Structure formats: structure tokens, C-alpha cells
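Trainee: Chain by chain, the residues run as shown.
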Amino acid sequence: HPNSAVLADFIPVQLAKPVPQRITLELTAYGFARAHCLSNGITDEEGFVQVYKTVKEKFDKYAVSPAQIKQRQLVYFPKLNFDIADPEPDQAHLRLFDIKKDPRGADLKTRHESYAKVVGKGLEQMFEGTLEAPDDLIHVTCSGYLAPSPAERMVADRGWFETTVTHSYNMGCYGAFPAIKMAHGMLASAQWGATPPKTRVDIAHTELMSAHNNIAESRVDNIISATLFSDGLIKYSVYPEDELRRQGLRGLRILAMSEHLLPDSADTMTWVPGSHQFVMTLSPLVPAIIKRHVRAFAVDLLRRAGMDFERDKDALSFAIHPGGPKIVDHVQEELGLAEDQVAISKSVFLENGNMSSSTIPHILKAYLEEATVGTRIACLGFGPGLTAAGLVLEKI
Amino acid sequence: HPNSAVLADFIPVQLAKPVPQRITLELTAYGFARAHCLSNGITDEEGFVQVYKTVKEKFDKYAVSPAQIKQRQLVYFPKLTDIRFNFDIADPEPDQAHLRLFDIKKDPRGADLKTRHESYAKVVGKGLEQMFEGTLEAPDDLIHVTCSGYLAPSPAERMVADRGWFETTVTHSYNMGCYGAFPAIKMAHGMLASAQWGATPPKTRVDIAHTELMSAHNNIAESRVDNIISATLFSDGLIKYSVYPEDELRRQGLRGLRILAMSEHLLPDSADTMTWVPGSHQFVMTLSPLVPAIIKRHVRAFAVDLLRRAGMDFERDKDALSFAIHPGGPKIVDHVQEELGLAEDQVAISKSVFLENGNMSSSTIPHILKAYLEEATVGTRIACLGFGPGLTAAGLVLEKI
Ligand code: NA
Ligand code: NA
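As you go down the protein sequences, you meet chains A and B in turn. Each residue of the first sequence is one higher than the last, beginning at 1 in the working numbering. Each residue of the second sequence is one higher than the last, beginning at 397 in the working numbering.
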């Protein structure tokens with residue numbers, strides 16, 4: 001196919017062994033209780049006891065449970081009353097919370113320097129099988145912003161002095177979509193002649209959601225986000241389809257893409273850097289707003305691909321970003337989807353939690369590695385805005 | 397021309413009256429002196445007078461001078477009408493309070509980053525209402541460019557929602573620093589070419605909105621020399637412009653800058669010479685005195701290549717080109733000019749924009765391009781060059797039509 005871009009070769013890197021959810025919940029609950037006691041001058045044991053019981057009750061009620069998420073990769077959760085060891089200065093940098101003295105923990109500068117170090121290493125592992133520089137490298141993240149970025153430093157470390165680096169930043173849980181949109185555009189811009197020809201764009205996701213741990217705030221939506229979000233680093237490539245074929249690779253051919261905002265929703269999800277970490281609010285209104293608009297969005301997306309929702313939806317897999325425990329279910333229900341059309345997305349959430357932008361790429365990795373050639377996949381995700389983003393893919 | 401994207405309709409928006417360089421120098425030196433005394437719990441009078449003479453000498457030696465920058469828009473600097481002379485500063489009007497982020501009476505770190513981001517959201521949300529007040533039809537894409545405030549949802553996404561623009565794709569082009577317009581334009585170009593590929597329906601217009609509020613990052617608590625330079629070099633700039641497929645631009649009968657080529661990559665061994673990282677209180681900068689030499693040493697090969705990408709030849713055609721060069725510091729344009737064997741007239745607008753406005757981060761190149769579109773003879777080709785953290789060199793070749 002001329003004028004075609006193809007996703008391929010998806011490579012996750014695990015930086016830390018995933019922690020069983022019931023343990024994340026016990027310790028996070030204990031940390032929120034100590035922080036709270038530090039924050040309100042409660043100093044006596046029986047004081048901590050009553051606060052701890054209340055925090056635990058709150059966790060039982062509102063925390064994402066082990067039945068919903070089995071384990072999460074959390075680089076900044078301590079390595080396996082609790083007592084926490086100090087770590088080797090060998091790595092004070094993994095320790096960004098504080099339950100003895102200042103409950104706000106590390107400040108943002110410290111967290112940013114930590115991010116650069118951890119992602120730096122992650123990126124060197126993500127790209128160690130890469131033999132030739134890409135024409136472009138896109139860095140996607142919503143969890144740490146530095147200039148130059150860890151991506152820029154790695155490209156230089158590799159001596160990749162003809163590679164364009166583009167930051168695709170602050171586009172949250174759906175950040176794969178705009179990154180794939182750029183990549184498609186960089187291949188199309190090359191075919192238009194504005195740059196010499198290009199044969200590969202590499203996109204690298206690095207989300208350290210656990211770097212933004214906030215145990216000083218006890219509002220429900222913070223309990224929920226502390227127990228919901230997880231870390232994920234994953235890279236994949238975008239090839240012009242002729243280059244994909246020449247290299248004998250399997251891939252996901254891009255058919256169509258779409259993205260725009262949803263009305264009366266801007267305040268329902270926010271994410272803002274403050275003095276110590278990026279701070280989140282999340283309204284319980286969000287799944288209903290997604291439910292309300294997803295169908296019309298999906299019908300339009302399939303039309304963009306020359307498809308018809310009523311006639312073609314049954315043969316499609318739907319890769320859906322699992323933003324909360326019930327998001328896939330809601331979309332499943334609104335779109336009238338069978339279990340086997342949404343099974344991979346539920347399972348990635350169940351095994352990993354919400355790794356923010358890195359989630360959808362892990363979903364697409366499983367489709368690329370499991371589906372028959374010819375399979376079509378409609379991808380949907382949501383993030384702040386609120387934004388709806390979508391992609392139509394075909395396995396080739 | 398098919399497969400052709402063209403820049404047009406450059407629209408700056410001034411939010412505050414620019415302040416003459418000399419007064420920014422004197423008040424800023426005064427702030428640095430007070431902040432130093434506060435950090436150090438120096439409450440002694442003569443203690444302050446000595447700190448202050450010292451601070452002023454460092455300003456005399458290192459600050460960007462009124463001969464280099466005449467005035468700057470600094471939304472987060474007090475209005476002259478508020479300056480009373482030591483100086484004091486009048487309390488702001490109530491609905492202007494979010495414009496005071498520095499503190500020289502109690503805690504010299506000033507407002508924390510969250511307060512700064514909230515102030516930024518408001519000031520940019522008003523700036524964007526002005527920038528888009530004459531927009532008649534929603535664009536297909538809106539690209540928000542900044543390296544100076546990051547919120548989700550952004551002020552750009554909120555504006556797009558307030559307008560009811562629910563078909564418009566919003567993309568954030570963030571944290572690409574002073575050369576920010578170059579990745580923005582590359583992205584606009586890809587979107588049109590992606591539409592032409594058939595991956596979205598046809599599009600007719602991408603809008604790019606730069607909102608750089610560098611003054612929101614005032615740091616008067618560090619007196620290291622490179623921060624004296626930064627606090628007196630950088631300035632604020634809000635500007636939008638549009639990218640059209642050429643056939644659309646012709647039907648509207650607009651003049652524009654047709655894009656011929658573009659490039660961007662990193663320069664070796666220079667990652668630590670210019671850095672920009674959010675911390676507790678603001679985004680913190682560092683800047684190495686080596687930056688101008690590193691740029692000069694690489695800019696010729698880059699420029700030769702860029703011209704090659706446009707089907708031209710540096711050595712044969714440079715005399716016919718204008719060179720829009722991001723003025724990152726007082727001497728950047730001069731160093732590049734010298735390295736490239738350029739005449740004064742080929743680089744005058746980049747120099748003039750610097751002198752009149754300071755370094756407006758990513759907004760600076762778009763103001764230089766607005767002047768070219770207004771003044772250039774049809775057929776004139778412009779080589780554009782921008783640098784920023786990486787270090788990164790970014791390139792564009794344009795033709796006025
Ligand atoms: Na870049
Ligand atoms: Na967006």
C-alpha cells in the first residue's frame with residue numbers, strides 16, 4: 001500500500017517487580033494514616049490507632065481491589081505497624097515519600113531528577129535491540145517534564161545526530177493517539193517532500209505514575225488514584241508500509257484516526273504540576289460522560305475508515321483504554337460488544353492497572369502478537385479535556 | 397501547488413505594556429538583593445546596603461543592558477505606575493493579585509508552582525480569548541505551544557471547549573523551548589499531509605497558538621550569574637498563526653509563507669549547556685556561556701543541509717535569502733551571521749525583534765516571520781533557524797507567495 005503507516009515491534013521494559021495489590025493497599029493505607037497523623041499533630045499511639053482504622057475502612061470502601069487489579073509495577077513503592085528500611089544512598093532516589101517527618105515528601109525538583117535517572121535507565125533498556133537510528137523519536141509522557149528530556153539525552157548518547165526528537169507531552173492517558181498521529185504525519189510529510197524520505201519513527205512511552213504518590217491527601221479520589229495508576233515503559237515503531245514489507249515484519253496498519261473534546265466536562269479530570277508532585281482530581285461523573293459520547297464517536301471513527309458501525313462492528317476487536325475499573329465495561333455496554341471483542345483490554349488492566357499512556361500500546365502489543373492477519377481493531381481512549389481519541393488498525 | 401502547506405495570518409497579543417529595560421534591571425537587582433537578605437535572615441541595614449552594592453555590580457557586569465534589549469513585556473513584573481521609590485511596590489488591584497508571584501517581604505521563593513500554574517491558566521485563558529476573537533470558523537486542529545505552563549486540561553483545550561469547537565483536534569506541543577514554533581509547524585504540516593493520505597477527512601486550517609509567559613518563572617532567590625542573565629534576557633509573548641493547504645490559501649486570496657523544507661536534530665555533547673526543569677516554585681533554568689560557540693560550530697553544516705532539503709545550494713543561493721534566526725541571547729544572531737558569511741540586511745529583522753522585545757522563547761520566531769510576511773517581496777525565500785535545549789538545531793525554508 002502506498003500512503004500507509006504501520007505500527008510494529010512493541011517492546012515493554014519492566015523496571016521493577018510488580019507488587020501484589022493487597023500489599024500495595026496495606027502499605028498505602030498505612031502511609032496515608034501516618035501522613036495524616038503528621039499533618040494534624042496527632043502524636044500518641046491511640047491517636048494513630050483510630051486514624052488507621054478509619055483510613056483502612058476508607059480503603060476497603062473506595063480502593064481498587066485485588067479482584068480488579070492483581071498487581072502493579074510501582075518503581076516508587078518500597079521494595080519487598082510496618083517499618084521501612086532506609087535504602088543505600090545507592091538509591092535514595094527511589095524514595096520520594098516520607099512518613100516520619102514531612103508528609104508531602106520529596107519536592108518536585110527532587111522528583112524530576114529521580115524521573116530522569118529512572119527513565120534514563122529504562123530508555124537504555126528499551127532501545128538496546130535497536131541497530132539503526134530512527135528518522136524520528138517521539139517521547140510520550142505525562143509524568144515528568146525536563147529539558148533536555150531523558151529521550152533527548154539517550155538519542156545523543158547513541159550518537160543519533162540525524163534523528164528528530166519530538167516531545168508529545170501532557171496528553172495524559174490517551175497519549176499514544178496523538179503520538180501515533182504525529183508519526184503518521186511525519187511519514188506523510190516526508191512523502192510530500194518537506195523532508196528527505198523516512199523509514200522509521202520510534203515512539204517511546206515512559207510513565208512513572210507512582211512518582212506522583214500523594215499520601216498527604218485523603219479525599220476519596222486520591223485514594224482511588226493512589227490504588228488505580230501504575231508505571232509502564234514501552235516503545236514501538238511506525239513504518240511506511242513498503243519498509244515494513246521489505247523487512248518482513250507483521251504490523252498494525254493505520255486506517256483512520258480521530259480526536260476531539262467532549263462538552264461540559266473540562267473540570268471532571270485534572271492534572272497539574274505543583275510544589276511536590278503532579279496533582280490529580282477525578283470526578284465520579286467521568287464514566288457517564290464517556291458513556292454518553294463514545295457511541296457517536298465510534299460510529300464516526302469507523303466511517304473515517306470506510307467502515308459502517310452497524311454492518312462491521314461485530315467483526316472488530318475494540319482496544320479500549322481502561323481508565324478506571326469499569327470503563328471497559330461501560331464502553332462494552334454502550335457499544336453492544338461481546339466479551340471476546342474487549343477481552344485483551346480487560347486483561348491488561350487486570351494484570352497491570354492503569355499505566356496511563358502506556359496502557360493502549362500494551363493492548364496493541366497483545367493484538368499484534370495474537371490476532372489473525374486481516375483482523376481489524378478499533379481503538380478508543382479518554383483523558384483530560386475530556387478528550388476522546390480513536391484509531392482504526394488492521395493487522396497485516 | 398498540491399502537497400503544499402503555507403503559514404499565514406500572524407496575530408500577536410499584548411497583555412501588558414512593555415517596561416523599559418533600565419527599570420527592570422534596577423528593580424530586579426533590588427529584588428535579588430532583598431531576597432538574598434531574606435534567605436539569610438540578614439535584617440541589618442548596612443548589611444543590606446552592602447549586599448545590594450554587590451548585587452548591582454553583578455547586574456552591571458552580566459545583565460542584558462538597555463542597549464541590547466530596549467524593553468520587554470513582563471506580565472509578572474509590576475507596572476511602572478505601581479513602582480514607588482529602596483523601592484516599594486504598591487499592592488495590586490484585587491483582580492490583578494494573581495499577577496504578583498514574587499515575594500521580597502516574607503518568603504523569597506515566592507509563589508509555589510501550583511499557584512504559578514493557576515495564575516498562568518488565568519492570564520493565558522484571557523490571552524487566548526483575545527488571540528481568537530476574530531476567528532470566524534473553527535480550525536480542524538489547534539496546536540498549543542508553550543514551555544512555560546503545563547495544565548491538564550490546558551488553557552487551549554478549555555478555550556476550545558468554551559468556543560463549542562468540538563470537531564477540533566487539540567495537540568499540545570510542549571517543552572520544546574525557544575525553537576517551539578519549529579516542531580509546531582512540522583506537526584501542522586503532517587496533519588495536512590495525513591488528511592491528504594486519507595487518515596482523516598480533508599482539513600483546511602491548522603491554528604498554532606504560542607503562549608509563553610517566561611516572567612511567571614522569575615527566580616530572584618538565586619544570584620548565580622546565569623540566572624541574572626536569564627531574568628533580564630527572557631520576556632513574554634503571545635501570538636497565533638495558521639497553516640493552510642496552499643489551494644485553500646489561494647481561494648481565500650491570502651499572502652503566506654509556503655513551506656519548502658524542514659529539519660531538526662540534536663547537537664553533540666551539549667545536553668547540560670541549557671536546562672529547564674520544573675521545581676517547587678517555578679521552572680528553573682541553567683545556561684552555559686558555551687552555548688553561542690556550540691551553535692556557531694554546528695550551524696553551517698546544518699544550514700547547508702537544510703537548504704539542500706529545499707532543492708537549493710547554500711553557497712550558490714545564500715545571497716538571495718533572508719535568514720530568520722531565533723535570538724536566544726544577545727550575541728546569537730551575530731555569531732550565526734558571522735558563521736554563515738551573511739550581510740547585515742539578511743538578518744536585520746531577527747536583530748530588531750530581539751532589540752524591541754527580548755527573547756520571547758518560542759513566540760520570538762513567529763514575530764520575526766510575521767514581519768517577513770508583511771515586508772518581503774513575493775518570491776523571497778527565507779531560511780529559518782532556531783536553537784534550544786538538547787542542544788537542538790531546528791530548520792525551516794519558506795517562500796513568500
Ligand atoms: Na525536539
Ligand atoms: Na489533545
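Derived by calculation from the structure, the hints in this document are not laboratory data. Note that the Cβ used here is the ideal one computed from N, Cα and C, for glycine as well. Be a bit skeptical, because a hint or two may be false.
[To be verified] Simulated restraints on C-beta separations:
1) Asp242/A with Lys466/B: 27 to 37 Å
2) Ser39/A with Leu650/B: 50 to 60 Å
3) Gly159/A with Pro416/B: 42 to 52 Å
[Claimed, not checked] Far from chain B, by Cβ distances over 12 Å, these chain A residues were calculated:
4) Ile11
5) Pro12
6) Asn40
7) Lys56
8) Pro66
9) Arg111
10) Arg153
11) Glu162
12) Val165
13) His184
14) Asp267
15) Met269
16) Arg303
17) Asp340
Trainee: May I ask you to check that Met269/A keeps its beta-carbon over 12 Å from the closest beta-carbon of chain B?
Mentor: 8 Å, violated
Trainee: Is it the case that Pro12/A keeps its Cβ farther than 12 Å from each residue Cβ in chain B?
Mentor: 24 Å, holds
Trainee: Assuming the hint says 42 to 52 Å, is it satisfied by the Cβ distance from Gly159/A to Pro416/B or not?
Mentor: 47 Å, holds
Trainee: Hey, is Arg303/A genuinely clear of chain B, shortest beta carbon separation above 12 Å?
Mentor: Non-interface label on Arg303/A violated, nearest chain B Cβ at 9 Å vs cutoff 12 Å.
Trainee: Are all C-beta atoms of chain B more than 12 Å from that of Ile11/A?
Mentor: 23 Å, holds
Trainee: Does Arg111/A clear chain B by more than 12 Å, comparing its Cβ with all Cβ atoms of that chain?
Mentor: 9 Å, violated
Trainee: Does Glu162/A clear chain B by more than 12 Å, comparing its Cβ with all Cβ atoms of that chain?
Mentor: Nearest chain B Cβ is 6 Å from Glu162/A, so the label is violated.
Trainee: Beyond 12 Å on every Cβ pair: is that true for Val165/A relative to chain B?
Mentor: Non-interface label fails for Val165/A: nearest chain B Cβ at 7 Å, not farther than 12 Å.
Trainee: Kindly confirm whether 27 to 37 Å is satisfied by the beta carbon distance between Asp242/A and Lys466/B.
Mentor: 54 Å, violated
Trainee: Find the nearest Cβ of chain B to the Cβ of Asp267/A and say whether that gap is larger than 12 Å.
Mentor: 8 Å, violated
Trainee: Take a quick look at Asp340/A and tell me if its Cβ sits farther than 12 Å from every Cβ on chain B, holds or violated.
Mentor: Holds, since 28 Å exceeds 12 Å.
Trainee: Test the statement that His184/A is away from the interface with chain B: the closest C-beta pair must be farther apart than 12 Å.
Mentor: 5 Å, violated
Hint compliance for this structure: hints 1, 9, 10, 11, 12, 13, 14, 15 and 16 are not met, and every other hint is.
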